[PDB]
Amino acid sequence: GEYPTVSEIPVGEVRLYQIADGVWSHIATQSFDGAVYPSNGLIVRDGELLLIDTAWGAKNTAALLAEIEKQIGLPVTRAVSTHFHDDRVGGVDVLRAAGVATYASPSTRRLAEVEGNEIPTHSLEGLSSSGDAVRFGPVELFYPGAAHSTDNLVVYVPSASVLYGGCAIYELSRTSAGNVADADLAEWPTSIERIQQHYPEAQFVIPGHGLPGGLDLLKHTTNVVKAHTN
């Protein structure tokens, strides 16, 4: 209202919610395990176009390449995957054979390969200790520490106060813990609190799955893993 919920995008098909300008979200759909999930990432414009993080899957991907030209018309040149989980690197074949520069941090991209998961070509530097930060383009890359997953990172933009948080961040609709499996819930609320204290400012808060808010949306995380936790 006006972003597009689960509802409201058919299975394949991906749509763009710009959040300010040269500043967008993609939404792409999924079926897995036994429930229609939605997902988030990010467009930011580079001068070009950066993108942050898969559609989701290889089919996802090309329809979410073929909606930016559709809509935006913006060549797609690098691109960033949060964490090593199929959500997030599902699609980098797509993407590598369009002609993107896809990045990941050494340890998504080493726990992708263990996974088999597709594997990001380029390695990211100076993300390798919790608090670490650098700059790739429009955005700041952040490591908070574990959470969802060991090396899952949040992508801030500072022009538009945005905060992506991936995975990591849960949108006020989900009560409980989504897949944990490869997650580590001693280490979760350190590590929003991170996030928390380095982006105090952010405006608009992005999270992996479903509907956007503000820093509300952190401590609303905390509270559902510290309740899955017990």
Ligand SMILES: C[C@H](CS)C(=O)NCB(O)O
Contents of the next structure:
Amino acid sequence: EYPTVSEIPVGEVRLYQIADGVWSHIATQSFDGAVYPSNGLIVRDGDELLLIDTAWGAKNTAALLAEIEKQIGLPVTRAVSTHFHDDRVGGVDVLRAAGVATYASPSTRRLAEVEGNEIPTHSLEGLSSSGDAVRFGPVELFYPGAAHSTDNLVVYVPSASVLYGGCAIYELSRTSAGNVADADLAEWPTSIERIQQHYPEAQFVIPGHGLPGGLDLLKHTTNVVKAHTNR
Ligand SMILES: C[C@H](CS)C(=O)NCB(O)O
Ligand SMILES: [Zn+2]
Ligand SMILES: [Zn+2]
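Right, the form deposited without the named molecule is done; let's see the coordinates for the form solved in complex with the named molecule.
Below: every chain and molecule of the assembly, starting with the one above.
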């Protein structure tokens, strides 16, 4: 079974096999008086691993690297952060100290700096306008437009038809808006339309927080976002 928030002590990281060469990583962290679960992705990149997002903090990200070494045993050589919040970039300094080349869009890097968060080293090219996509090793990176944040990226693994939505996609059990401080609520439904348009064959859809599902999570997120807007 997919691990839930109450099953993971803060500081421990679980790995979950989604498909051949594709894992999610699951961690937990305290934020504003509560503890939340958080997902990222790991994709085999030949003899190396590509990491999508940190495990939300330095200590968690160190635990992530240790679990990867124990369970998978290939080196993480590159990481992509899919937006500027600490559940995506917190731990980039640990990754860099471990030899990982860290990447994000120029916008994510600037937004992280203003927020006082850690800053991925390298700028991704070609992701500036809504609908832009670039190949990055075994994945495609897609900028769907503003949603959960203005800079949020999604990631597709063609080999396995896995769509990693990050925090622009909600799990099915979430029925109220999450952290929308940095969101563009008016654009978010259209950005989800762009994801659906680009990845209609997705078989597994991974939200930034909580349980994976299928493309039903896209319509579900749109419903939650719109209802919050009508409040
Ligand atoms: C820090 C992280 C950025 S997306 C967050 O807001 N977690 C709480 B959530 O509602 O899951
Ligand atoms: Zn966020
Ligand atoms: Zn998040």
